[PDB]
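Shown next as structure tokens: one chain only, the form deposited without the named molecule.
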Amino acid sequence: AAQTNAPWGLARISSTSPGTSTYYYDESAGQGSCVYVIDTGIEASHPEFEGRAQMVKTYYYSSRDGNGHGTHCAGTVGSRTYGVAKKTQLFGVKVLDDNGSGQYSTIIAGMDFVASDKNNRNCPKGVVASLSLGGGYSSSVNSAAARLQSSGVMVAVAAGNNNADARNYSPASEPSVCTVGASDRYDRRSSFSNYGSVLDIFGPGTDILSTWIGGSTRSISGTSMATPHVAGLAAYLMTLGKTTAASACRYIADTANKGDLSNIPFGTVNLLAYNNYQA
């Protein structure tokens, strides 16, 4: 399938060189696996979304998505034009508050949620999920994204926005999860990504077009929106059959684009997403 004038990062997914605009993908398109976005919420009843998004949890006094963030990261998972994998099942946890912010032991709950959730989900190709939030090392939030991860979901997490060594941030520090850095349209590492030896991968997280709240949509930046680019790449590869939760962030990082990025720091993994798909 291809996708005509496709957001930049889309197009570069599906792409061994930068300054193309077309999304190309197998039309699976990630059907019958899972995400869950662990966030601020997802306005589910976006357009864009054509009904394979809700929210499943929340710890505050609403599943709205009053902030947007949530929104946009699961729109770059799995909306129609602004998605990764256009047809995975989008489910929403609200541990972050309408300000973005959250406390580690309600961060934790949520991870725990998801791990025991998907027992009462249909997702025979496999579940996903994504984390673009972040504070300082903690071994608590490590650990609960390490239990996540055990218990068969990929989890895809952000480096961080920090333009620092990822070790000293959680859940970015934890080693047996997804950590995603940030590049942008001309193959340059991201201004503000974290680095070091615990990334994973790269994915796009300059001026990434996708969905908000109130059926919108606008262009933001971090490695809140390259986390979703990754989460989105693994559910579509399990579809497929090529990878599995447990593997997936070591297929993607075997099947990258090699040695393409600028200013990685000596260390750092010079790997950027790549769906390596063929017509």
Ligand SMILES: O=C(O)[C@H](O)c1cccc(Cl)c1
Second form
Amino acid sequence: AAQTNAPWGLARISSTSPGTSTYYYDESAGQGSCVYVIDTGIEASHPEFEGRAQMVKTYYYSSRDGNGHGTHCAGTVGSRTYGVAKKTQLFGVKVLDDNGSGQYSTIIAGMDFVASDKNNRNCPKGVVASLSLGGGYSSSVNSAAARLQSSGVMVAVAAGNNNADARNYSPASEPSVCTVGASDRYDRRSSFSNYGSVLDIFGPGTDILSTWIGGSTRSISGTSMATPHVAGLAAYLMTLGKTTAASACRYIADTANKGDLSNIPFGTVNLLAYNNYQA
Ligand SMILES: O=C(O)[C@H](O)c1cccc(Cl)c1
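Since the structure above is the form deposited without the named molecule, I would like to see how the form deposited with the named molecule bound looks, so please show that one next.
Below: every chain and molecule of the assembly, starting with the one above.
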């Protein structure tokens, strides 16, 4: 399948070179996989989700996304126009309030919840968790992310947006999950993107068009936007049978575009997510 005039990030992950505008992808499109979007919630009623999105847990008064951030991330995972894996099932876990804030205890609870809840869901091709959030180093937060990964869920987390070494941020610094940095349309590291040896992969993170609350769309930047590209790619590759939850991060790094990025400091991988599609 080919999506013409696609958002640049989708085009980038199906091309060996920047500047293209077509997203090439296999028609299976992540069907039969499931991605938990752990964030401010999802506007499940957005037409772009076509009924494939559902809220399953909230830690606040409402399960509604009153912010937009979680809806935007879910859209890059799996909306029809803006999504990597256009047929995957989306589950929303609201651990962040509508201001975008949330305590570590609630984020840990949300991670423990997914590890259990997935056993209740029909996801024959595998389960992914997308965490476009973080804060300062916490061993408890890292441990919760490691537990979620250990339970059989591919965990993708944002590296952070401080132009600093991600080793001082959580869950970014957990070695066993898949830590995602941000790139822009010119194949530079985004100026805000954290870096360091704990990074596993880069994805498109600057000026990312996706869904927003009120049935709208908008373009925003962050390693929060790169992470759902990698989460959706994992779901897509798991449906194709190319990898499992335990090894999808490694497989994505093995098959990435290598050496293409600029502004990569010594010690950081130069790898850009790539779906390797061949018509
Ligand atoms: O840069 C920040 O906003 C925070 O430090 C941070 C850390 C880790 C992940 C995210 Cl999305 C944000």
